[PDB]
Structure formats: structure tokens, C-alpha cells
Amino acid sequence: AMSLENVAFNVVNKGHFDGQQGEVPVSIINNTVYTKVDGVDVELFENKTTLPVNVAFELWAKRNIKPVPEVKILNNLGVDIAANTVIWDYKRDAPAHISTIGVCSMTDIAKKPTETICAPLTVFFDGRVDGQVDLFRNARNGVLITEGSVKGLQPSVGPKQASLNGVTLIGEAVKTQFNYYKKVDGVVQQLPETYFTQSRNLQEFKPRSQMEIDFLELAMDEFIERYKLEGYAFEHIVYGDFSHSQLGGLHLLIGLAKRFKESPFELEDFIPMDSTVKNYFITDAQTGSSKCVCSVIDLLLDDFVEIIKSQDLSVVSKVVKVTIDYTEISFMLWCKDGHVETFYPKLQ
Amino acid sequence: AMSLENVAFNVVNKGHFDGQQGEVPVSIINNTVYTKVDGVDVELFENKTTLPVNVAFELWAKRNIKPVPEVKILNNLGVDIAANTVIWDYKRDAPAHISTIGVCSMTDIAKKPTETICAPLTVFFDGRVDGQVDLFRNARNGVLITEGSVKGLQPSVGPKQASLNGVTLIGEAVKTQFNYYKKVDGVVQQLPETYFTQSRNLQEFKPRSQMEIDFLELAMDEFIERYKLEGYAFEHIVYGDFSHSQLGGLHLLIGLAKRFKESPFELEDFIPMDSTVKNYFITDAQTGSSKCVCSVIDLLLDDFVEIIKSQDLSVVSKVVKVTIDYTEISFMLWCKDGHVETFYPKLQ
Amino acid sequence: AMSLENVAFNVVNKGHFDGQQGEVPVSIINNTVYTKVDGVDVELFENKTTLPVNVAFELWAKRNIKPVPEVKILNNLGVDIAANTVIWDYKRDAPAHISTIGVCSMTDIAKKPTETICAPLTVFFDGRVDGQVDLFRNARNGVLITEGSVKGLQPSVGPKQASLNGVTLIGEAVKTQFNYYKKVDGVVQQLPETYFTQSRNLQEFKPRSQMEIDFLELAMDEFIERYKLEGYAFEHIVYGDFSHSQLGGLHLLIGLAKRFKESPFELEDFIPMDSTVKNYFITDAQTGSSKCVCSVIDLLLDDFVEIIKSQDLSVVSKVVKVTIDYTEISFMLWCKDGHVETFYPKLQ
Amino acid sequence: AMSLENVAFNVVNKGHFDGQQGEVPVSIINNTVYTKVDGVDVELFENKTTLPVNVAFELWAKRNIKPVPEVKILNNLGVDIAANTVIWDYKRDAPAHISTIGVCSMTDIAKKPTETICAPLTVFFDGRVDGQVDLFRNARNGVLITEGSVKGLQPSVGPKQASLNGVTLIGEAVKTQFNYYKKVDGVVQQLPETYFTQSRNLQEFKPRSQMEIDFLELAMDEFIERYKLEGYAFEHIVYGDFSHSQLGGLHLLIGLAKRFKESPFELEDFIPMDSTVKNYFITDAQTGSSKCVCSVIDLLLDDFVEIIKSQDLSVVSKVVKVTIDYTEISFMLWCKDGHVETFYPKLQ
Amino acid sequence: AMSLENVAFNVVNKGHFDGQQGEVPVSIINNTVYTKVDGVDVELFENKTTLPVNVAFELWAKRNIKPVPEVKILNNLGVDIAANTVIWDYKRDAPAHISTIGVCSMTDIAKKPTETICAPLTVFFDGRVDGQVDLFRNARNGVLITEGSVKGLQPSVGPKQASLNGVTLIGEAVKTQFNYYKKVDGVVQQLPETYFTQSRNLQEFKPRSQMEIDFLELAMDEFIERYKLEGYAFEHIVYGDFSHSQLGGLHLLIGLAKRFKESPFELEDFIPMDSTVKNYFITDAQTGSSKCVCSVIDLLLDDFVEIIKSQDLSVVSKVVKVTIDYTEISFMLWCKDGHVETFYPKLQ
Ligand SMILES: Cn1nc2c(cc1=O)CNCC2
Ligand SMILES: Cn1nc2c(cc1=O)CNCC2
Ligand SMILES: Cn1nc2c(cc1=O)CNCC2
Ligand SMILES: Cn1nc2c(cc1=O)CNCC2
Ligand SMILES: Cn1nc2c(cc1=O)CNCC2
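Residue numbers (the deposited numbering), protein chains in the order written: chain A, -1 to 346; chain A', -1 to 346; chain A'', -1 to 346; chain B, -1 to 346; chain B', -1 to 346. A prime marks a further copy of an entry chain.
Hints listed in this document are in silico derivations from the structure and should not be mistaken for laboratory results. Be aware that a few hints might be false.
Since the list gives no way to pick out one identical chain from another, each pair is judged satisfied if it fits inside one copy or across any two copies.
Once the Cα atoms are required to be at most 25 angstroms apart in a straight line, the calculated DSS-like pairs of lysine-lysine come out as [as the list claims (entries may be wrong)]: (1) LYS89 - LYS289; (2) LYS276 - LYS109; (3) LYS307 - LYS109; (4) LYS12 - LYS89; (5) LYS110 - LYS276; (6) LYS180 - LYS64.
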């Protein structure tokens, strides 16, 4: 007995949809949902999606409020739809997926992931919900997350961090590190060995190793001497070159964080969505050095050092493929006389 | 001789409506009011209200620019409408009241509060405006604020703070502490003895007593020992419990401010309006501890200590009613073996 | 072969329009442009202009990404249109000019600035683009910027700072100080001797002289004694008077920056656009001192001292005209007994 | 190399999308597409769909301009999608289907109906397009229309009429009567014996038999005597009873057409879509007789007489199922003492 | 002292803008202007233009309510702007021109047509307004209409019909036939010999000659015999060929009017604007004969006969240029063995 007024009642009284009975007066004007409180209209939701306002309001109310995989992981694993939940994309302020299963009558393609319409779609299953591990076993295509072992299913240990109501975090009171499983055409797929992006912010950047503490504290030349990085072009790739009109390198988030402490800069997120590699139009405020497309990845500095130190430096230019967040990331490696000139996540 | 172009002229030249003569070219497109400056359109106002764009623009231009009672106080006193002014609600970016008296032809129910349509409504009167004290005396229902004594009318000393153009402050150059009076059905009502909320922000929180300085500076155990708060569950209620998936307690703003200095958190204001008790969907970023409905009140720590220390702790569960901002706030008091387990502003 | 899908392709792949071939699927809903990525819609642009959404999207994509004069300089020089580029106004999130020349078929009045429709308009020319110095020579009306000398054309050295993708900066890796030239009715005009505004922010304010370091570090009385400013009303004009309900003086940005370090305040930008003199409705949060129209100018303190010390202080009230950013700024000078009472950028 | 500007160029020059090269300037404002002609904006399309304005404009431009089956026939046959065409629904001013195959990049689920995504969907194939008969033979699910015989496949003769640019007609210069074929899970179905609705208008109603000429020309009693319809309640069912507050019967379009010649009436199409049975809220203007839900079907009078004369009239109330337009239509048959009381297309 | 409220007051009381003092309460919601009457909102104007709603409302209120030249005549004469009036385009529900002179502060480029901004624009002058004949004499570019002779200037007799509040008519109580004059670069032009379109409707078509009475009354073969039109393909061009899937000919409005009496048809006006030649996507309802682009012109049958009988019929295909409504209309003339095959207004 789903309704707009019942969804709004749950939002007002429970902070989100919680299956409670009740109705509150609602008014819809343009792309905003309001409710009357003390005689005046109070905004409950502003539709930033391409779905109708009342439909997006119901999907947002029915969002998953447990720690869930970050949308970039779900996209890299080919997830098309979620089973009986909504994975809300807080970077886009929209549902991560077009359709639903057992959530909302307007967006539902099926009520259960067992319907034949779900067979060709990669359905997201959550082992924390009763019967979802078994639904994954019977699904033709799907991705499963669990907190423990599944009998006979070989696990892939995912990232330490998960998204809880839009906050990316490594859980202390809740579990955020899941076992990951994937099935393509009825066959459980071996997830590849992968690095993970650290999902940090530029404003609240914190080092997660002794090498990252030394990058942020030590000067460029003493850091490169301490970690034996001579000939690996860290001056260009990680630190960044701000001497010319075109900004050189600056592809690691830690390098942007070190620069951010000294001088500010504009990072234009021209495709605003969660992704393993992010592209920004950067403008350095101190120098005026800029780059239209500056690919940035948040790898742990130790992981980036391991990647670049494991490459053959005897070829002028080559594509280096590295698995990060379960996806193959192509990097462009440019060398000269046995030393690195540049290394960057290749712009497609 | 009111007009859209005249309202816009006053906004451009005087910063708000100031009864001046003149007109500027205006363009309305969707919910925004623009004016032509140097050949280009410059935004003057974005309608975030449920009123028509030109009507909301005129009410915002005609907003009260003197320190006025915060909307939560006006709502707790049952204020329906203001006399010949607009109380702008800066938390909702909308007028605090549906209708006006002597302000705008589109929203006016009357030109003077003496019209019979105003008799059943609780009209807000401001003693700082000539003839408004007398209009309150003749009103059937109303709320009056004054800077001094009114002959024969027993005053209620309101909060130290008032809102001046959306800034809540305790006035030094202006008076913000008013005498409050209320009339229901022609009869002046005795306003109850009340506590006041402190109206502080989490980002700019400042202690307003020696006990509040000690809460923020001292460790949990030495503070509870110094102020003899053993057995009053301050560890749960004020400090907050972040060890389980459900966030425990955290109902006093000062407790959130102390936590905010160490680790950040998301506070989702799902009913965004000014109220004595606020409800937030909180997510602790450090631990992942969360609570869908976490009621928070900004009381002075000394006032909260006085409330909890004045309760009988011999009953398992009971409703404790405390007058705060002239309204009765129900608190849920849970005890065991003569000690507090929890105390929180009861979720309705 | 211009198209919406081609503009969006360039934005997605190049960060802006870069003349590349290709098309991406686009969806327009209301005032927002989206593109499909991984099956979901991702916002590329939100129209904040009065132009149609697809037209504004194309003008924003075709924005000048080289350091350009700040819109206030272009407006003060009478610039109506740009030659074969779009000067994007980042303070208004809109094009600085109504029409274009050789940019977009919907906004174009001409394809080349040589068309007779451009003769009466003051066209902006950029000497950094091939053939634009010659187009200025043949234009009836225009403004030219160059990085070096133009044979026979007497230059005017502009401000040190320029806007690069909305970031105002003094270039280190790029040139931001241009030579300025102007022509009215076929005749090259002598640009007047002028002061320049410093274009600083209140949050990131940095002193640019020893006098500005002393203003921010020294107490009011020792600063006024050190720089011999007794009788020049700096206590009122620069420091500001917060003792009465009406805020006194506070017309220099450096004075607001000094106050901002101690106590916060609301600055309501009621005409949000780039201008030499800005008008704000200010509310001091500490005292409650407020002013509906507080004119603020960001001059270097040394420049403001030179202006006020070069005035005759023997008249009660007079208009003082000072050239700032190539425009004549009227100031109101009020004196008594040979001393300054107030000096402010005159409210029109 | 599809684009908004190219789609508009085709609309302007060819009256619809015709694969021609070219671009015209376009402006999108709200839900309307305009083009500049002689300096002014001219409306090309108003979006009445739930799709984004530019997407709906492209689907409308790419509509099928050949006589196609009426949407009610396609829906009754379970058609989900069309192969490389858009069946435009002129009753809804929207595409008849959610997705496309080889039409528009925004709505396409596949470029060819041979893609595995199309296998479970009932794809509409048109034998008039080269290779579509063979695509139907290889499709798992589909509906095929042809103008002549298909080797091996036994045909179902469809209705005489088809929709050509929203005009339902029986072709004289073009063929509108198609052979219909259908496959479910790779098996060619035996389409059932079916009646067809005549798809006539109330304003331009024309009789299509000698019995229909006699219904419109003769008086009620002489018509019922001539065709031996005594005891079949035609006075109620077809002619209509306007003597009570509730309008009696009036379920055949021919009966409404006969009434329309004498007196007018309001027919409120509360679910505006193409369907075998239509429901209207009818108000007779002459008498004031009204009915909230008056089901109307346009059957040939001879076909309706054959249906009612082939029923058992010995039961008080029963559901009578009739295959009309290939779908099962339920009728409610009410009898008393061997005579009809009422017979109507069941409201369910 | 122009205002939204004053424009609305005039609309309500005078039926249009009439320079009366007064103000009525107005509400703007989306693209509609409302006024409060007896407590409820009543729609005054729905914006169908690309201008802001309040600007379009004011231009519509300030529309010319005297018989004015039809927009197609003004466009063909190169009219850019009107002098101190608004020519409302009722076919587009929008102003015929982008800018105004002395009408509305938002659209005005000048207050008088004597301003230098108006010199290069072809300004429309109306001799019925005092001083406009003299303003035309002093204008560099312009078009003048008069009811009588102008000393020294030789006139061009325009069409009999004019538009009065959107009704095209030949005046009986008012004069609608104007003398036309035109100046280009200060020189009075010699307007060319021109035919005029008759501007008739299909639903209210009336013959305006004995030949037109005979076309509508006589049969095809006796009409062609009476007016000696054998070999001129009137069977195809004027009568229309409905025997094939592609509708043949049907380019004269009189031919469509004759067909309309017998059978109905859909005329899709895909570029809805006033033009000498109109293009329609036609669908004949009786036969199903259709044509995507069917150019239609409303010439007097005698004028069309004179044009086709004055052509050389010895070439297979050629462009025939005819001055109609002062513009050059291209026709395509196809011949074979000395006889016409087709003649149509060229689609270009
Ligand atoms: C943690 N980790 N991940 C990977 C590899 C080595 C490693 O230590 C090798 N490249 C792909 C993924
Ligand atoms: C300041 N203050 N206010 C109140 C009470 C005691 C007190 O000291 C008693 N509870 C209600 C209100
Ligand atoms: C740098 N500078 N500019 C000006 C003046 C003196 C000066 O030193 C005189 N007033 C107008 C402009
Ligand atoms: C007795 N009787 N009852 C009904 C109907 C016809 C009738 O004769 C038709 N609608 C449902 C109820
Ligand atoms: C032979 N022939 N060709 C054409 C036309 C008439 C004709 O007779 C008219 N449209 C263009 C092509």
C-alpha cells in the first residue's frame, strides 16, 4: 500500500523509508517535495535526477542505509541493478542504477531477482539480507557481497572502505570490508588480483603509511633520495610541474594534497561521478599553470611506487595495464635512456 | 503604487525595500528575478518558496531588517501572522508565515491587524513600531515583543539572542533581548517559566559558562568527577556511544561540538526548519556508528545538568516535561537501580 | 558542423570545446544537460543564464581558457562583445556579453568582427590570437589586449592580475598583465592614469605591501601613529565603527579582512556581479551593527592612503573623482575643522 | 553522425527525419524546441512525453510515416518494441514503446533486432522493409505485418484500417490491411478468430453496412422491428437511456453518433490512450443524464448483433468473453425472463 | 512609470495597454501571468515566446490593435524593427521583431527611431501615427505604410488585406490597403511589380473572382475546357492527384479548399510562421495519399493562370522566379513535349 504521503511520513518520522504506516500532507512544486509543518511548507527533497520528482523521492527514501560498496566498485564489476534495495549515488545525488527490483512500482522491472527479466542483468546481492546468497547462486548474472565465507565460493577481499549514507569510511563499529563474488552467464568468475583506490578528499587528506607521512613532511629531493626514486620522474608525475602554461604531471591525489597545503587550486570535475580514475580541469592559483584534462588517481603511495618500479623502462612509449578496483586501468609509460619521463592514467 | 519594478529598484539601490520611488527593468525566468546591468542579466533573487516568484521576491524585499525573535520562538508561541512586516525564515529561505497584513497585495488578508479576519489569528506585534503595543491591547489573539515595560502588562524575559538578517546573535550595538507577551481569546496569558536554547552552530561553537569550558577541555572521566555527574549517564547522553552500529545518545549540541573537533560526521537535517529540538540522521565518519533519528537540543550544559539532577531516578521509564523556548518538551527518562540509563528529547 | 552532441563530446573528452570530432548521447531536462555514462545520466552543465540551456552550454564549452581581463575591467572599458571567443563571467555563471561573433549560430550577430553590424559595438580583441591586432586597427570601436608593444599604438599597462578559468591571479607560468588599447569612433583613445583594485577575497586575504602587513598586525592606534594618519578618520573609514545600530564606515576590503579574523559577519551581495566598487548589506555577528548599503573597494592600503592624503580638507562636503580600473569612481568627502569625518565610494 | 541540429534541419527541410546532411540553429526552452527563422524563434516541437525534450523530438522526427498498425492492435498483440522504426502514438503524443532498436542513441537498447537483448522482447517487424521478414523468422519473439503471402507461414487477416501520420484510414492509394504473424519463444502462433473495432470518430462517423445505414436513418422502433432485435435491450445498450440521472447503456459508438446528430454531449477521455474499449465520463447536454464510466466500443453494428444473438440468455449475470482486436474483451451480460437487460464491455 | 502591475491593470480594464494609471495584484507561475479576482487567480497571459514571461506579457499588451501589414509582407520587405509599436505575430504567438523602439525598457534598443542605433535597421513606420511619415523621410533604412499620397514619393499599392488583432481581412469599416514605401541607405527604392497572396483559410475559403467561383462549382474537366487550360497540368498542380501513395501536386490553396468540401485531410504545419509559401505534411484521409513537404501558396486562381500561361514550356526543368508579396519566389517548372508536367513553389 505504497504512496507519496506514506513515503513522506516515513521520511519525517523515521529519517528515511522504514515500512511504517501513516501519511503526511505533501505538495510537489516543480522538482521539490514539501510537507506542511506549523502551517508552512518545509522542503523534504530536491530532485537532482532525470526521474520524475515523486519517483526519485521514493527511491531516495528507500536508499540503503547500511555500509555499501562505493558506486565506482559496483560500476567496475558491471552491476546493472540492485536486488530489493536502492544504492544511492551521493556524488550524482541520484540512484546508482536506472531500474529497481521490489522497490518502487514506477521503476520496478520485477518484484524478485528470480524473474526472467533479471537473468541477463548483473544483479547486486547483499549476503547481509536473508536469502540473498541463495538468490546469487540461482542468478545467471550477479555480484555478491558478504561479511564471511560462502560454502564453496572462492572470495575476493574487497576494499577496507565502504559508503555509509554518502560517507566513505573504514568501519570500526560496522563492517565495511566485504567478500566479493561475481557471476557471468551462470558461471562464477574469478575476480582478478587488484589494487584499491583509497577514496580520500583533498581537504581532509590523511597519510595511511610511513612513506605517505614522509611524502607530506619531507622536501621533494630528500623524499626521492630516501625511497630511492631517482629516475622515476616523481618530480613530474607526483609532485607536479607548475613552471609552464601547461601543468605537468600531478596524477596522484597525495601530490595534489601536498600542493593544496601551500597554495590553492581549482579542480573542475567536468564528469561528476564516482570513478577509479578522475579527470579534472585544473588551474593552479599561485602560478596560473593549467591542464584541461588532468587524470588523478588516489592510490596509496607505496602501491604507486610498486607499480612504477615493476615496469620495464627500456621502451619509448607503451601501455601499462594495472588492475585497480577490479578494473583494468591503462597507463601511458614514456621512457628515455632507461629513466621515466612520464607515467599517467591514459586518457581514452 | 507597488510594483515588481519598484521592488527591484529598492533592492538594487537600498539593499531591500525602503519605500523609495523608482523602477528598474526586470526579467522573470522560471523562479529567478533578474535585472539588466551593463547589458547583461544579474540575478536579484532565487525563489526557494512555494509562493509565485514575484510574490516571494516582494516578501523577501519587505523582510524585517531589525533583530527579530527566532522563528522557533514565534512558532512555540503560536504566531500565525505578523503585523505590517515579514519575518523571513532564513533556515527555509521563505516567509515564516503564509499570509501578510499590510505588506503585499497578493498575500494580504487585511491591511491593518484591526480587521475582523485577524481576530482569530495570533498576530505578531513589535513594540518598537509606533502604535503596535496598542494594537496588541486591542487584538483578540497576539504575541508582543518590547524593549521595555508596558504599563500593567506582566513581562516574560525572552532569550538574550535574536535573528538580525539571518544572523543569530546577542546584541551589543542593538537590543536582542525582548519582553514577551501573549494573548489568547482577548485574555493576556501568563507565559511559563522557561529555559532557552542557545542557538549555536557546530562549526562555530563557543562555551558560555565555566562548566562548558571544562566539558570541551577536560577528558570525559575527569569532567564527570569534577561536576559530580556519576550515575547520570553523561557518557551515553552527552558524550555519545560510538562503539555499536547504532549511535548511542548524543542529544546535546555541546557533545556533538566536542566530537566534531576530533572526528567529522554527517548530520542530515531531514526536516530543515528552525526548532527547539532538531532531528538529524547522523553518521560518524570515524567509526561508522549511525542513527536515523538523533534528537539534538542546544541547552547550556549547566541547564541540562540542572534538569537531569532534578528528576526522580526510581522509575524504569517516564515522560519528563521541560519548558524550553516557551514550549513543553517531552523527554524520555530511563533508569535502573537509582541511576540514569538514558535521557532524550522524546521522538513523537 | 556544430551540434549539441559534438559540444558534449568535447566537454566529456577535452574538458571544454576543442574543435574535436565526435558525438555523445545527450539529454536535456529543464535547465540541465546530461550525458549517459555506464547506463546513468551524469550532469555536464546547469544553466544559470537567461539564454536557452543548449545555447548557454555551448557558450560555456567555448569559454576562453587563457588568462583574460576580469569582467569589471571589460565593463569599465565599455566592452559590448568579444571577437571569436566567449568571456565567461564566473561571478554570474553566465557569458559576460549578450551576443557573440564567430562562436555559436544562436548568439552570433556576425561571423567576423569586420561585418558592419560590429562597427558601432566595442569589440574585445586579443593580440595573442593571430590577426586580432589588425582587426582592432580596422574596427570602428574596440578594446585590445596584448602581451607586448604594437607599432605606433601607445599602451596602457593594465592590472597585474587576470582571470584564468574563474581564478583571479597574478601569473608566474603565464602572462596576466596586458597592454590595453581602446578605440571610440575610429579614434584610438588615450586611456587615463588609473589605480587598480587588488581583487582579493575576504577568506584568503594576503597583504601586498609593508603598510598592509602593519595594518593587519598592529593595533589601530599604533598603526595610525606609525603612518601619520591622525585626522584622516581611518578609525571610521577603514577599521569600521561597530558601536551603533548603523555600522560606520568599513569601505576598504583590508578593514573587513582584519575584522574577519576576530569576528564573523554576513556580507549580502545583493547585485552579484564583478565591479570596481561592490555594495553589500553587512551584518556584524558580534555586535549586531548593520548597514543596508556598505560600499567596499579593494584598493592597496598605500593607494587608498595616497588618495585621501591628496585631498583638500577645507570643505564640508564634496565629490572626489578617482580613476580606478579605468573608470571614474566618485567618493564623498566629508570634513570638519581641517580633519576627515568620512570618505566613501558614493552610492548612486 | 546524429545531432539535435541535424534532426531539426531534417524537420525544417523534409517535414520529418530523412537522413539528410545539414544543421539549423536550435534553442531548447523548457519542453519546446525552436529554430531561428528570419531572426525570430519558430516552434518545431512541444514535448508532451515523459522523455527529455531533445530525445522525444528525435523520436517524433524519426516516426514511421507509412500506414502502420494502430497502437491498440500492437498492444493487444504484446508488442514491446519496434525494429528500426518509431511507432508514434498520436493519441498520447508520445512514442508507443519505451525503447528503440537502431533509431536514437539515447533510447536504443540495440542497433539490430538480432542482438540477444531483443530475443525475449516481442519485436515489431514490417515486411515492407527489406530483410524484416527474415529477421522475424530468426527472432525468438515478434509480430510481423506483410502486404502479401509469406512462404510456409499461415496468415491472419488484420483490420482494413491502419494509422498514417495519426489519421486512421482504409487505404485507397496505399495498402492498410496487413497479414499478421506472431511468434512466442521461437514458435509461430496460431492467431485467434477475432472481431475488429472500426476506429471511427463521433464527428465524422460513416456507416459501413446496410444495417448501419438503417440504424442512423430509421427510428428506434422500426429499426428493432426490421432486424428482429426485440428482447435484446438495444433501446438501453445502443440507443441509450437519457430519462434518469444515470445515463443508461450507450456502449456502441454508432449509438453515440446517432445521438450526436440531434444533441451534443461531453465525453471525458480520463485515460487518453488507444484501446479496444474506451472509457468516458459522459454528460448529455440536453437532459443532464450522466455516467462516470461509460465503456464504449466501436464495433460494426452487424458484428455486435452477431455477438449478442450468440449468447445464452437464461442466466441473471455472467461474463462473456469476445476476441476483439486479438485481445480478450470481457462483457457483462445481464438477463431476466429470457431477455437481455444490459450487455456492456466489463469495467475491471 | 511602467510596471508589471500597471500593464496587468490595463489588460484587465482596457483589454490591452492603454496608458492608464492603476495596479492590480499579479502572480507569475512558470510562463503564465495571473491576477486575483474575487479571491481566486485568473489567467491573463500564457507565454508562448522565448522572451521572459513578464517581458512577453508587456509586449503583447502593447501590441498594435489597428489593421497592420501581415508579418509575411514585413519580413519580405526586410523589416527589422517597428517604430514605437509592437507588431504581434499571431501565427507564432510572439512579437514579430526581436527588439523595440519606445515600447518596453527590457526590449528597447532606443526610445526614438532617430537614434543612431536605428539608422542601419529597416524601421517600420506607420503614416497613420503623427510624425511617422517625417521620421521615414529622415531614416536611413525603413518601410512606410500610408492610407493616402505622400508628396514627392511614388507609392506601391500593397495588398487589399491587413491583420487586425490576428484576423486577416479586407476592411469595410477600416482601411487595410496601404501605400508602401521603402528606403535603403537613405535612397527611396522603386518597389517591384508584385503579385499578392490572398491569405485565405481552408475552413472559410471564399472565391474572389468569376474563375474562382467556376473552379469551386464546376467539375475538373469542364473547368479546364472553359478556361482553355489543356496541357497546363491543372489536374495535377491545382486539383491534386490522390491515386498514388505520394500525393501529387496540390500547391494552390483553392485546390485544397475544393478537396476539403468533399473529404478531410491533415495539414501538418511543421514550421508554424507567416510566409508567402507554406509547407505542410499532408495526409488525405479518404485515400491515404500523403506528401512530407507539400508547398502551398494562396494565389488568386486568375493570377496563377497568368503566371503559368506566361512561361516557356520547351525545357525539361527550370527555375521560374515570381515576385509575390514583394519577395522573389522560385518555382520549379517541369515540362515534356510542350506541355506542363508540374509547377510548384521550389523547396530550397
Ligand atoms: C596488492 N597488489 N595488487 C596487484 C598486484 C600486486 C600487489 O601487491 C599486481 N598488479 C595487479 C594487482
Ligand atoms: C531558568 N530556569 N527555567 C525553568 C526551571 C528552572 C530554572 O532555573 C524549571 N523548569 C522549567 C523552566
Ligand atoms: C598609480 N597612480 N594612479 C593614479 C594617480 C596617482 C598614482 O600614483 C592619480 N589619480 C588617478 C590614478
Ligand atoms: C440488476 N442489475 N444489476 C447491475 C447491472 C444491471 C442490472 O440489471 C449493471 N451493473 C452492475 C449491477
Ligand atoms: C521527371 N520529373 N522529376 C521530378 C519532378 C517532376 C517530374 O516530372 C518533381 N520533383 C523533382 C523530380
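Tested hints:
In the homo-oligomer, the alpha carbons of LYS89 and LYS289 lie at most 25 angstroms apart both inside one protomer (23 angstroms) and across protomers (22 angstroms), since each shortest distance falls under that limit. In this assembly of identical chains, the alpha carbons of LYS276 and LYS109 never lie at most 25 angstroms apart, being 35 angstroms within a copy and 30 angstroms across copies at closest. Taking identical chains as interchangeable, the C-alpha atoms of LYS307 and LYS109 are never at most 25 angstroms apart, the minima being 50 angstroms within one chain and 44 angstroms between chains. In this assembly of identical chains, the alpha carbons of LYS12 and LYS89 lie at most 25 angstroms apart whether taken from the same copy (24 angstroms) or from different copies (21 angstroms).
When the C-alpha separation of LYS110 and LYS276 is checked against a cutoff of 25 angstroms, the pair qualifies neither within a copy, at 35 angstroms, nor between copies, at 33 angstroms. In this assembly of identical chains, the alpha carbons of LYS180 and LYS64 lie at most 25 angstroms apart only when taken from the same copy (21 angstroms versus 47 angstroms across copies).
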